[PDB]
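The primary structure of each chain is shown beneath.
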Amino acid sequence: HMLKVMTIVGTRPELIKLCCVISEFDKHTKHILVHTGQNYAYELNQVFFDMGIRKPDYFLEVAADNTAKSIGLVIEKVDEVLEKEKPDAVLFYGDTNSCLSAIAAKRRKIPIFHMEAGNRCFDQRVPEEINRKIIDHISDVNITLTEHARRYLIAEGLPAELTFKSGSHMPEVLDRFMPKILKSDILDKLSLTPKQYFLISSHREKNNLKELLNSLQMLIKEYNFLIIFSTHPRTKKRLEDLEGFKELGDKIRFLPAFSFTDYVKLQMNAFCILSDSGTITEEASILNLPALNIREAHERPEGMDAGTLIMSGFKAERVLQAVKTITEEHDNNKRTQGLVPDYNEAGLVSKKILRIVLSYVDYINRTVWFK
Amino acid sequence: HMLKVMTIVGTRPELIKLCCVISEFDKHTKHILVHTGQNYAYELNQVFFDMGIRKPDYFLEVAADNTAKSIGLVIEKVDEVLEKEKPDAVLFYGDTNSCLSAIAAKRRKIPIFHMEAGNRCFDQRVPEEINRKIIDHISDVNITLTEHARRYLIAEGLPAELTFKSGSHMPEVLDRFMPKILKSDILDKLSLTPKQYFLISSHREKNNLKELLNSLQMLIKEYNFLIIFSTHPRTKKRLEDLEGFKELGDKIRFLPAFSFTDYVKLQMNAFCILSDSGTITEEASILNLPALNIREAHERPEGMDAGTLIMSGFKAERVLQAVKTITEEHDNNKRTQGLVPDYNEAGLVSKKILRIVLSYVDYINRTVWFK
Amino acid sequence: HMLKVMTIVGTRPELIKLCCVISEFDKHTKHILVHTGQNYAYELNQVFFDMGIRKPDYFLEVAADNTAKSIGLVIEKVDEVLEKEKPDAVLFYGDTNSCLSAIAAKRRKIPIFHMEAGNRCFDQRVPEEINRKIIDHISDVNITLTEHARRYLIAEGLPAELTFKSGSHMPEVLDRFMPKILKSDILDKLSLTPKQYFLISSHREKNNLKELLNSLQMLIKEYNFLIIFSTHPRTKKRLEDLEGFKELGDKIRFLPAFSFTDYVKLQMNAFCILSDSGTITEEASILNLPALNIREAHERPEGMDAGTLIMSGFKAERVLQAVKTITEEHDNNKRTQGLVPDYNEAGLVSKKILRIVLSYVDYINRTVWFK
Amino acid sequence: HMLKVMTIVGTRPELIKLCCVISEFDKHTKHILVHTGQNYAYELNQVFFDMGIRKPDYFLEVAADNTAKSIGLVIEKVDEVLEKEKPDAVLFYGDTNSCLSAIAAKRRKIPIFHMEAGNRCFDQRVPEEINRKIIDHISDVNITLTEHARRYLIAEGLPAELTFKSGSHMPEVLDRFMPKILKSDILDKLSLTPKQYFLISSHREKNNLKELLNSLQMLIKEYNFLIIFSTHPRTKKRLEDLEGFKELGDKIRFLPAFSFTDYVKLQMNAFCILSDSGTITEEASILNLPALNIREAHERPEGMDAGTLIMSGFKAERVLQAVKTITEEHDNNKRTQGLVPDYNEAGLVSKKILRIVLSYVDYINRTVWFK
Amino acid sequence: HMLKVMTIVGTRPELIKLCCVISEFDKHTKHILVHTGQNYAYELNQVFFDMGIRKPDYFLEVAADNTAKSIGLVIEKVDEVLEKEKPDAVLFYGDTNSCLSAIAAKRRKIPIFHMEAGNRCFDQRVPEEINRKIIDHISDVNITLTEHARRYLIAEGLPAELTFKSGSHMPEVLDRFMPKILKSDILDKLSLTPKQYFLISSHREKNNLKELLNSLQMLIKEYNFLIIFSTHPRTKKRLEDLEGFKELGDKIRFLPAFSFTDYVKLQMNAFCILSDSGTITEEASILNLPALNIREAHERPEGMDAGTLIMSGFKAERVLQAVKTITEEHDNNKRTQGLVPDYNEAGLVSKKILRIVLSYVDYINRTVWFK
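Sequence lines, in order, name chains A, B, C, D and E.
For the first sequence, position 172 (counting from the first letter as 1) is numbered 179 according to the working numbering, and the numbering increases by one without interruption.
For the second sequence, position 286 (counting from the first letter as 1) is numbered 293 according to the working numbering, and the numbering increases by one without interruption.
For the third sequence, position 341 (counting from the first letter as 1) is numbered 348 according to the working numbering, and the numbering increases by one without interruption.
For the fourth sequence, position 333 (counting from the first letter as 1) is numbered 340 according to the working numbering, and the numbering increases by one without interruption.
For the fifth sequence, position 269 (counting from the first letter as 1) is numbered 276 according to the working numbering, and the numbering increases by one without interruption.
FYI, nobody ran anything at the bench for these hints, they're computed from the structure.
Please note that the accuracy of each hint is not assured.
One copy or two, either will do: identical chains are not told apart, so a pair holds if it fits within one copy or between any two.
Unchecked claim - For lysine-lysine, the following PhoX-like pairs were computed, each having C-alpha atoms within a straight-line distance of at most 25 angstroms: (1) 378 <-> 358; (2) 253 <-> 187; (3) 322 <-> 116; (4) 172 <-> 190; (5) 76 <-> 190; (6) 213 <-> 378.
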């Protein structure tokens, strides 16, 4: 007789950060993988993800509109599948809207285990901050990437004995895919010279776009390297409609969606990366990448203890100073700073999460629910 | 030019605890009162509430099913009215499901003010505990009845400078309606003798019903007073289907829904009250009532500092000991214990909430949202 | 069927501070009163205590030697009576050695309720500090005289929801005995003039005795009032063997043990009191007494918020300055400072403790012991 | 002139965890080793311990009955030896009943240093929880195995500046004895095949025994490996009197007491270990053992950060799932998870404790006792 | 366009601990180095410091008198240079009087970054404790050598998100100068035999001098090794005027000021070091030195976790016991204890500080100053 575990996701970054966790749970539990979104969208993106991540057991068909209605629908639709499957435990990674379905799991007294817990940037303009607080304060067990995040949780009155530190999921994920990553021909497909392009990645939600474009312009004047720009369609157009977009010409190139493995190869060969991805601190630490976090607040203070990157924002003056500082003596193949102990020591996170789940389902059922 | 304030409710106890707040906001703001539930249900209950509480501006028609679907619908439906009205601030009282719509208000960067904040019973089997954490941790300003609740909030890392103590809303509400309460003829309508009946009130969510019935039986054997039982239809039937329900006979009487004012008159003349109402500690303190809280956990520790009541649970042995202890020397007209300073000193809460709202909308917009 | 409650004491100050608690528990529970000490000693002191405090059900005959052996004997002897009587709950007041028997009650999973909890002077030379920490950290419920003490307990990680504030026991005790106190003829028996004697009380555990004697000498030179000195035999002799003890002559008089009621009358008529009693802050606040605490650390910071007394120590320079400051404009019958809200508002503590016990035996048995 | 240090123990696990500490203190202080128990019992167990641990200077002859009387006797008897020897400091390891004698050391103002401090499982049914709180809150200096335990102590208001982290004592102890451990012929003496037996160890304090037996039965059906069962005589008999004990037959074998070194060899060659020993997390981490903690709460959360073991409880369903998960790919000689930094980095704990003692005796005497 | 950064120092130990930070900031910012003291004094000491530390841009000519007047002058004089240069950020290391000029920087809303933050010895007799609290509580960003210091800051209510851990500056500094250090001929210049001299260093602020001299005497009797004594002129004379100073004769030698590099060579070859330098714990850990901290309180608790040194004080009895314990088996070339992870893992601190500064100037200007 197996434990039934249900993992609930709604996005590709969740699936990537969970892929080893998913494998481990598939070996040792009756593991139900639930995607809150649309099967059609997932099959249209599956070429790009084709990593050996097996298909989810359910697609709940909630359009990820990021609306109050879509939030209500995730709660209602996840509830139906909880009623049907009656899992012994539920898993959530991070703080996308789909984590709000923890409300339904809690009302049913299903033990909840939350990974990448205790993210705090202390800027409530970041939309994920609403979800963060909610998911951390309703989960029975929280599992953090760092001591910083564990302390943040304890500081908000959460029980230390049910807060664990797994470390980053990314060392195990990267190690799994590194042979494929190294064999990627992405540089040949895009005709790129290693260390002679910028990789810019911006996927977050007017005055600010102009600032970004001016930063891009200034980087071209300064270094005369191509800029590879990875962003959402809505944002590509907005940029294109801007006055002096035509000045960039050959020095800017928008990247279509890429496979994870091609994309890491690209990262590993950039002159410098400018990213608003919530994964940049981990990626830059682990792979010794030259990197700017172009956000104005962030939730990975552990990087700053290590010297991992610079949080530049997206305006030209600080961006230029940051790029000079990072790139002047950087060799990805020589580690001089940026190693984060809580990432570096994470190891087989997949095994850790399963062992936590097995060790605490009964504990939670007794001490929380008095069953 | 007025501030536009939107107050969101879904139940009659919210409306009662807010009735003075509503009046004060009606005088001095553009005040929009939103009820998440069904207009039909509200008009069927309006005879019983007919207190001078003006009608809500909106009925959102979400059936209070207490389901995951109804929670999703409150979030979606409140969002529509936020989009339409664009209030400058939103108010929530307590922690019914309707408070979960604060999620929609937060996503829109509308300042949120929460009354009766920082309720904690530390038993997560109480369904309201899910809502409590959520509403307290997303609100920009929390307003508590007590120092105990203020400390609970600060202990969960919430900002002390945006946590206030109003005191109980009930002294102002009771004072408003006391002339009507005193003139109630409820004792004549039910042919009751003052101090010669039990008033039992149980409105919360099998083995336990039998225990309760045995408690009721034991109280009849011990005191031979009539029992007036106020409960939900679902629960009346369940009780009636029980074996030795027929033994109670003339000594038990189910009460139909009553007006607030009749009901307080009844409270004020009972030999002893047994209640699971979240308001019993306040009512019993303020009106010097002989009372048992029949729950197994509660969120009004301030009562225990004062000697207000006994939390007996619903089983006969502790119930009997508690009733003897409370009633043996109790005179409602002689105060010997049970006065709670944070209730007793609350005064005109209505005025306090408006002054807080006016004093902090701009502060929140600057310090939280950087507007 | 009654709850069986066992109250464990070893000293007269415990019995005095509990006398109303004892009465209330006698009315409503099967109340077993256990004295850890010697029946012979208790009957030799019973003239002086003859307050209507009924006799303890057990005398365990442990000599209060204040030795490691006597501590071991209290633990062993209390255990025997726990085995025999099997109480449903145990009560301890304060932090005498007898509270160390809570160890035996805990090992038997008997709910423990502790009054006058969270005393802290932050000077570990005070012997009671060992006992304080032990009793506060093993009790299931702590009951404090003040908010200060409640905060101290919460600050040491103890559960806020099982920490209550009763207020001082002394307003209820004094009110019970005030008619007898006012009718005392103690001033006539000792031929004293109201406001024309010092009352000095020192009952705690060489260089320091000389300092005290010099203080006494200096007070005689300054005011020429008689000194009434209440202390232990061991200490009377030590003083008498001192060089210039003969200089005091007629201006010092050692008091034999007195009845509580005579002793409060004496307090109420002193020019000024110098005391190391742990009750002086309460007594001086409640009865508006002119007072010095002659200790070097103390555990009643609430007094300092109110202006109750001065902690002078026992050396002449600070003692003299303190006496002038206190007595210059003091009238016991005119309140100008020194009223402590947490004392003043305590009311019928007896009723509070019983209501707490009834409300939390089951809670403790579930949440602590999982019974 | 040497510092006189007195180390107080009552059990074999204390002596084992202290054996290097004892050696280091013997070199550099006047070191008095006190055993609270019976010399006769110690000599009957000395064959099995014959590790080069020199004999204690005192046997106080308190029978380890685990009674309230034996606790009182440890306090009284340790006091006599404190009076006689007048040590400058006292050492305690862990939280056996003998640590309660710290009460006597404190009353004498002897600096107290406590190792393996800040153990918390948050289940007060575990008897050691009474002792834990007492010893941690009376010790002048606490020394922890982990950051988790240091944080638990700070969270209970204890002084951070007098709380240190030594790490686990076990790496140094194991390293000392590893040559003997590796040369053990225990497998030959018991005719065992490496990786083809379960080692079960249960030495803690009816319905639950039956559950355990069913777990044992299920493991035999599943794996058909011999079970080596190490337990107390009281428990061997209880098991034997059970109905279907006869079904196990040849597949269960009770182990007589063993030498430490033989026992670690056995651990290192088991297919899987099921243990309630408080040392299993350390042993399993350090030696890369396949292990279940069969308790229902535990005090080594650091293991869960690392992936060391599973806390299965003792019931068959969770036990079986846990055993499959642990053993499926486990090779003791290939480290894939379970390494705990605070254990792994501990090094020569013995040297650390002596350096702490020398560095803080004067500090404690000044800041605690004002000497 | 560069960021303008102003680093403010007043002493040689600041310059040494900053020398790599200074180089890194010189490469990547407009870096203004301000020395609050006298140019004349600096040029008289420059032979001894002649490390490739470029000359400060300003000497403010405040005599380091350690007076209330000199403190006022540092504040006034630093203000003038802030007005003139208008830096975008200011840097302070440690807690010398010159850090008090942070008051002027704060009043001008200049972001302040503080290194070696959160030093606490909990003995307010240490003069630096005044400065510590002031500088930590006014700085916008604090940067600590350890987790211990980070926790101390968080415990005083400071923002965790603006507190970072760089680790010790000393591994990078030592690594920079190790080739020169190893080539030093200091042993030949002083005719010393490796491991056959004591190095004593005492530079902090009568009864105590005599105690120290007796310690020195006792060490000569015990080991018959030469004592090299490094101290201030004021202190050399005081010692010399002491009675039995003449007994030491050939076995004591006062060292003139030395170059940093010669001095580390000397450290690395001493039999044992006795030091009150605030750097001894770092030096002794990193270089595996035999060492006593001769102070009575200290601020490097991380050492005690590792077994780095003994805090002996300066009196003979504890000093002798400490020296025996440290030196008996010590080989600088064999690491057996004393390695501190937060020091050992520090790496290129210089790079960390610059990355923090670039990452937080805008954050501070928004969230602190609302610019």
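Hint by hint, here is what the structure shows:
1. 378 <-> 358: Neither: 27 angstroms inside a copy, 34 angstroms across copies.
2. 253 <-> 187: Neither: 37 angstroms inside a chain and 56 angstroms across chains, both beyond 25 angstroms.
3. 322 <-> 116: Answer is between; shortest inter-copy Cα gap is 22 angstroms, intra-copy 48 angstroms.
4. 172 <-> 190: Neither. Shortest intra-copy (33 angstroms) and inter-copy (38 angstroms) distances fail the 25 angstroms Cα cut-off.
5. 76 <-> 190: This pair counts as neither: shortest intra-copy Cα distance 43 angstroms, inter-copy 48 angstroms.
6. 213 <-> 378: For residue 213 and residue 378, the Cα distance is within 25 angstroms only across copies (16 angstroms; inside one copy 54 angstroms).
In this structure, the earlier hints numbered 1, 2, 4 and 5 are contradicted, and the remaining ones agree with it.
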